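S.K.: Each chain, letter by letter, is given below.
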Amino acid sequence: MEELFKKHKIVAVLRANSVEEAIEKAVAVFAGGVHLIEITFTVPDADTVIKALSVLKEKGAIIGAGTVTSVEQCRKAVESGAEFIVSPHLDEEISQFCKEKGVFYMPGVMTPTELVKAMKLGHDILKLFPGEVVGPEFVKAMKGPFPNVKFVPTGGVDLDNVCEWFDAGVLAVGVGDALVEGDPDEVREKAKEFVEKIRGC
Amino acid sequence: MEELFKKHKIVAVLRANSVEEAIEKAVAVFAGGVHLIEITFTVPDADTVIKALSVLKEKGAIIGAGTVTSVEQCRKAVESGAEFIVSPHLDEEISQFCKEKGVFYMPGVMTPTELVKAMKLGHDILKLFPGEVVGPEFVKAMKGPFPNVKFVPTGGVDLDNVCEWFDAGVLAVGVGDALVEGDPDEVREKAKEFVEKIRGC
Amino acid sequence: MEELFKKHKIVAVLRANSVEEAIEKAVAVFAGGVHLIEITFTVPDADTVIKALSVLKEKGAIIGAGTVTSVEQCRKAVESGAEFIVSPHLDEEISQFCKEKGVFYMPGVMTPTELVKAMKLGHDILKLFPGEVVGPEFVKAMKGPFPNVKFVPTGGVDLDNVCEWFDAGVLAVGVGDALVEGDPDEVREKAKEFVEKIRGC
Amino acid sequence: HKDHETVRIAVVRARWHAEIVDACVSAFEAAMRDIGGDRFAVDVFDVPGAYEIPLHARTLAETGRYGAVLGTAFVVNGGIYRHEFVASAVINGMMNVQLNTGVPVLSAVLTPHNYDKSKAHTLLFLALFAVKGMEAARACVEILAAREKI
Amino acid sequence: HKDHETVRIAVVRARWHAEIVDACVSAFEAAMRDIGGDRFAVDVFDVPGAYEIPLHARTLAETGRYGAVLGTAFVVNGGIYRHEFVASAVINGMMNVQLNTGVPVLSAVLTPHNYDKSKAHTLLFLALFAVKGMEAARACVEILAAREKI
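As given, the protein sequences belong to chains A, A', A'', B and B', one line each in that order. A prime marks a further copy of an entry chain.
Heads up, the final residue of the first sequence is numbered 891 in PDB author numbering, and it's a clean run with no missing numbers.
Heads up, the final residue of the second sequence is numbered 891 in PDB author numbering, and it's a clean run with no missing numbers.
Heads up, the final residue of the third sequence is numbered 891 in PDB author numbering, and it's a clean run with no missing numbers.
Heads up, the final residue of the fourth sequence is numbered 155 in PDB author numbering, and it's a clean run with no missing numbers.
Heads up, the final residue of the fifth sequence is numbered 155 in PDB author numbering, and it's a clean run with no missing numbers.
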């Protein structure tokens, strides 16, 4: 995943109340230019969604799963072909599971202590969450003591401030409702807007 | 070179009356964001320039040589570490030499016949020259019969129309005086302007 | 084909992503007054299109194929009933194949050298391509040294300048998107506009 | 003996809009020769219209003289009455025939969205029918051969 | 003897829009392995289109070599003619076949509201078909097993 985050600079985060909904959004998002897609594991039958969207892998899509809180959930995300696992928090059992399986893992943090625990376990790319609390200021401040740490914030990110997040030093930004909510045609247009805005900064 | 052209979308073309001049421009250009640099083989003591600038390879510079009209010239460009060779015209002796040496070769064309002869010899990336005569219109027209041919035009390219060249389907653009002429500080600013303009389109 | 080019003064050039699309355009174009239709050989299943449109031959349509780059492609164009073959460039293997089969061949040129090679092989009607680069000026200039050479330019031709091409001495003009793109009803109206504009000059 | 027998194919074609329906049939016959390689031969029969195809095609299919049957017609909205009732009965008819006889029946009965017999429409359908003819010939050879693999 | 026999499943798939139809079939096959546990095995057959599925599927069902048959296709509005006549004949055909043979026939023949072959539409259907494949595999195992309980 390291190359991919650098290459695309954006991850779509999907939420849906159904399999069909998750697919329509994934396609609108993908069709609109976002290649890295995170499926929250909490989508009813997310496992179906993760596996069904494996068809987009041959078109250059990268399909993974988020909101993973346990190893049992990880196992299913892996079973369905998740490229990566993202947790709300750093979790040692998730991390060890992921290392054994060979699936990329990104733990969540909010403070230097949490950041460091993740560094000490070999994770130099962190989910910053909520980005709504810490902001681009946190990301920039962290570069002093942790110049080798990359972030992918979730929340607090929109097309209005995505460039601030990049000026601060993020690796990529995760984008939620601002990118994925609305009619699939609206979603596709939003994906183009996010890609173009990031392209320019 | 295939990855590099896609990655950077610009090649600086250097001309100088001295070794020191060529170095100052190469550095201003490189420092300003252009990684692919073509040194015309006609720079007095170009061989010195090509070899001296090998130091920038460890900083991510790609150093090659242009205006190659013969295999003897190619041999020296290769001896000095050229990554690639660019000729004013398709030349079978240059092409065969380059294949034997493992140095990337880009032949020059202006018409479909010349284009095809190059395709038949295995060269799908062509120097389009002068771009001043054929324009972005040629590049676009060629995609009909030759959808798999990539161009890197030289001449007829400035920051004013670089996006037209890209809309037409070029792979990368070579840039001459518009990018490399003037005080090394002016050159560095111009390199930033070209990179940013291409970044945006 | 010699009589036909003189008689109609226009050739439609079709491009399509499907068989049905190619047919609808061919019919709109034909119904609108253009009898000479060139089907690019690159239409997916062009062979089906070429053969299916043979039904229009009994209505006075002339069906041939363009963008031919090889003899294998020619063989299929001939197998399907192409009246004529048009290549992006002069090609001796295509020419010899066509002579043996009795199918009219029109080679592409851009310079006097290419023009002459075609004359020396017996081809006095040439595809001028891109017309976007050479223009009506080339066509007129060529009449000095080559008073017996006829051209059918492709590209650089629209209803806005079709009469300039004729003042310059072209035999016929090929017309691309300006004639064939849009809704089949729009296409039919465009065909009428091109025929009437040529009729008047 | 060694199976070098010609497969016999029947085509049943409606006489309405014959210029179009026959475009399909002619293309079909040519394609059968191009694909079949003389392993196949085709006989053609006329029928007043699409409506009678299921009985004519069946009379023939139950005779055992054909490996397969292609039915064809151009069924259009005359602007007077709804043609859908017949088109429905005919497609269901042909489906039932192949399921009653064991002889595949191919459908080349078209029900266009719009056909006003304009210059462009006539020309369009002549070409589209020729395409369907070619497709049907391919389908014929492949389905006949495919059932032989069971 | 002890029943440790593999249940044989046939899949009959249309060649039109194969990229999409095959998405379903591939997902189906994978799901059958995931659910079946090698208690099931699947053979796949091609058919020109949805139209011929009821006879091909039946020829096969009446052979007694399969426990169940899955028919699949993507039937779309080509913008030229009404596709509903065939779609109706085909769904009724498959329904009649399972009622004539005693071999359940599953339907994975889709008739979408809209499909213009746009980038988004193609991608959407590739994924939706993969989902239907997985659902069909589950339905297959459960219905086959359910009829065994009577």
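The set of hints was computed from the structure by calculation and includes no laboratory data.
Careful: at least some of the hints might be erroneous.
[To be verified] In silico DSBU-like pairs for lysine-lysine, Cα to Cα no more than 30 Å straight-line:
#1 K807(A') - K840(A)
#2 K749(A'') - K830(A')
#3 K747(A'') - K154(B)
#4 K766(A') - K887(A)
#5 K887(A') - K124(B')
#6 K807(A') - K833(A'')
#7 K882(A) - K807(A')
#8 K749(A) - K830(A')
#9 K882(A'') - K124(B)
#10 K840(A'') - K807(A')
#11 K749(A) - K697(A')
#12 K887(A) - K830(A')
#13 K124(B') - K696(A')
[Claimed, not checked] Computed far set for chain B' versus chain A, every beta-carbon distance over 12 Å:
#14 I85
#15 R87
#16 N101
#17 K124
#18 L131
[What the hints assert, rightly or not] Reference listing, derived: stretches of chain A' covered by chain A'', where coverage requires no fewer than 3 residues with Cβ under 8 Å from a Cβ of chain A'':
#19 799-808
#20 820-826
Here a beta-carbon is modelled for each residue, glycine too, at the ideal position from N, C-alpha and C.
S.K.: Are there hints from earlier that the structure breaks, and if so, what are their numbers?
M.R.: 1, 2, 3, 4, 7, 17 and 18
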